[PDB]
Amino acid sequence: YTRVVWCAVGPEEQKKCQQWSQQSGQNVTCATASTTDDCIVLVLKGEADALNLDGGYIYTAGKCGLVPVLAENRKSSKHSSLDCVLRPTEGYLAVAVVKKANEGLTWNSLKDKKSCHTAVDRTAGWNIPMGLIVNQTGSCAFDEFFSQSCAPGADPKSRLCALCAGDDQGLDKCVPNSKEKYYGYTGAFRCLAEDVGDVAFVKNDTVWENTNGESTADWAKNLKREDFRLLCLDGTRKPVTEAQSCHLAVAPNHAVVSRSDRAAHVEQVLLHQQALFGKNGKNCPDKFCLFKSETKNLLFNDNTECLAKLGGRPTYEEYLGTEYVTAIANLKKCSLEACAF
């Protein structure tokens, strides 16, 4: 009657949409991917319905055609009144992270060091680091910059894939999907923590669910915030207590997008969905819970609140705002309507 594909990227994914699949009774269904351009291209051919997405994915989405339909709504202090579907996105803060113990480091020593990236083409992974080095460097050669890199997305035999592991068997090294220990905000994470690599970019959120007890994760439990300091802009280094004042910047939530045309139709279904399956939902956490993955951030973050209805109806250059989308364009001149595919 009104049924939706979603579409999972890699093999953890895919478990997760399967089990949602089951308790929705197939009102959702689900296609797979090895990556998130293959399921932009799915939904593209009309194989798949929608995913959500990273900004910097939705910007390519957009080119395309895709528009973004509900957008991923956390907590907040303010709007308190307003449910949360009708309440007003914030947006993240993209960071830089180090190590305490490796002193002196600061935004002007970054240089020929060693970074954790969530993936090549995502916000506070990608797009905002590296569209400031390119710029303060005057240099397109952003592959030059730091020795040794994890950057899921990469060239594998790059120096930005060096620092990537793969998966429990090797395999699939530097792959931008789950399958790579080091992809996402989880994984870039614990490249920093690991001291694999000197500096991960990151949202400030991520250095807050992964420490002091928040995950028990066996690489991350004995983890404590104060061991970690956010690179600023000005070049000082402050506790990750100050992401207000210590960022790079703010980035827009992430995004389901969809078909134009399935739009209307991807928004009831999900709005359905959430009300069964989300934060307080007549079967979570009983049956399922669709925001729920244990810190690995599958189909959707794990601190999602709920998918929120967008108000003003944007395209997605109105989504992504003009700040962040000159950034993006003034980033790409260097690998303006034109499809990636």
Second form
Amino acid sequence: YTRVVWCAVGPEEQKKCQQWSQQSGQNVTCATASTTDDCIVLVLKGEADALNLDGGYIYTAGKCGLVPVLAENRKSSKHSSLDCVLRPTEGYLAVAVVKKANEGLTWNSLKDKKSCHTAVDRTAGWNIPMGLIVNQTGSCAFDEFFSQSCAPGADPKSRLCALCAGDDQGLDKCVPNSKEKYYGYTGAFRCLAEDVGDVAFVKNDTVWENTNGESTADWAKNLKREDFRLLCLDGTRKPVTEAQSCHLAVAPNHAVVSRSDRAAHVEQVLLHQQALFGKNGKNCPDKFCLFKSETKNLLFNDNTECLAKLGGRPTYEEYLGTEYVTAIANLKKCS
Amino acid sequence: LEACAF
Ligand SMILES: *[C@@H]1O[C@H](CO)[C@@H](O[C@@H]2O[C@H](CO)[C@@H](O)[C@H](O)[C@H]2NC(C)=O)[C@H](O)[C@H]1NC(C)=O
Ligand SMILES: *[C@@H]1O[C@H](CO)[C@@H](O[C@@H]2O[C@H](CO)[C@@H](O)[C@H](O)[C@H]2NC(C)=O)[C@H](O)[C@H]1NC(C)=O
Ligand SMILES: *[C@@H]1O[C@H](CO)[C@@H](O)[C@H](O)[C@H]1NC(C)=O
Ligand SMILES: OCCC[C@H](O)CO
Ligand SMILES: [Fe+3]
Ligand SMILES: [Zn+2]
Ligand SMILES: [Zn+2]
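May I ask for the structure of the form deposited with the partner chain bound now, the form deposited without the partner chain having been displayed?
Below: every chain and molecule of the assembly, starting with the one above.
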């Protein structure tokens, strides 16, 4: 009775999910939607059981009564003795990244520049930087701050979508799924790399995983970390090796959500599925790897080591943290 | 300050 229906966002996640379904012996099956918000609705209607969400989308799903189930956990440091599945998660660093050759651009001179965002409503790509900006400017007019941007999920004819590129046919401009060339951590960092935008709002890991030979994808195979700088909130610029003293925020790890009535069955199936297909799973790399997708972060981030159990059966508010929830709430007063 | 957007 634990057949779990996963929700895939867009056609590339659907194909990966179908491969997972086949390998799992239909213990997992797939439903697909065009946007994360649409996948959330399938879950609320009981037509899907679950999916993995960024923290800004956990806020949306949690105000509708979905609950967190397990969290992505990446490479640690402290607490190294514990199993991954039992390790406390530590959040990721939200950063603002520019080209080093774009000299004299700082946090304080971002007005009228071009921006690259993972998607509207995501933590590092949107909630953190636009929340800071609205606050700093004393103005809700966040869609008139940058001259042009790519922020998937915005109005396709607005300046907030002017920089997005759509799929290789040129269709689906500014849609919030992987078919949009500049969607997600990797799409927004590509948007900066090709110099479509002046600044990209991503996380620290994205910079490292797509530079210095860590990616062999054509747009990234030849990028060097030294060609990039982080923008710090005190007006200074630093090397990407200094993210710990030059970030915008610490963000809560992406996590799986489901209906409260399905949480327990979803949790058990996932724990067993990752034993088979997770990082050292017994059929990965042989048959299927749940946490790989050629750096495209499909279903899970490709840097995921395991999905970890949560401490204290937290509410979505306790998971996200009171201060982040309040920042989101404040930013949403604007629109 | 609270309501499901759907
Ligand atoms: C920012 O992200 C990078 C990439 O994830 C972090 O570097 C990794 O850290 C682990 C262990 O600390 C190393 O074993 C990996 O080899 C690193 N990846 C690469 C490609 O170097 C980096 O530590 C992060 N910075 C901060 C301050 O969190
Ligand atoms: C933008 O400004 C608001 C208003 O100051 C910040 O909200 C305060 O957040 C602190 C820390 O959580 C709380 O002690 C206050 O209760 C909040 N004030 C109000 C009126 O809600 C908010 O954090 C700011 N946003 C960001 C992203 O920094
Ligand atoms: C499917 O789930 C059943 C019952 O939980 C389990 O016995 C079986 O090993 C699973 N098969 C795969 C390949 O996931
Ligand atoms: O992320 C640490 C939790 C603190 C939170 O802001 C309070 O719920
Ligand atoms: Fe995120
Ligand atoms: Zn900090
Ligand atoms: Zn609690």
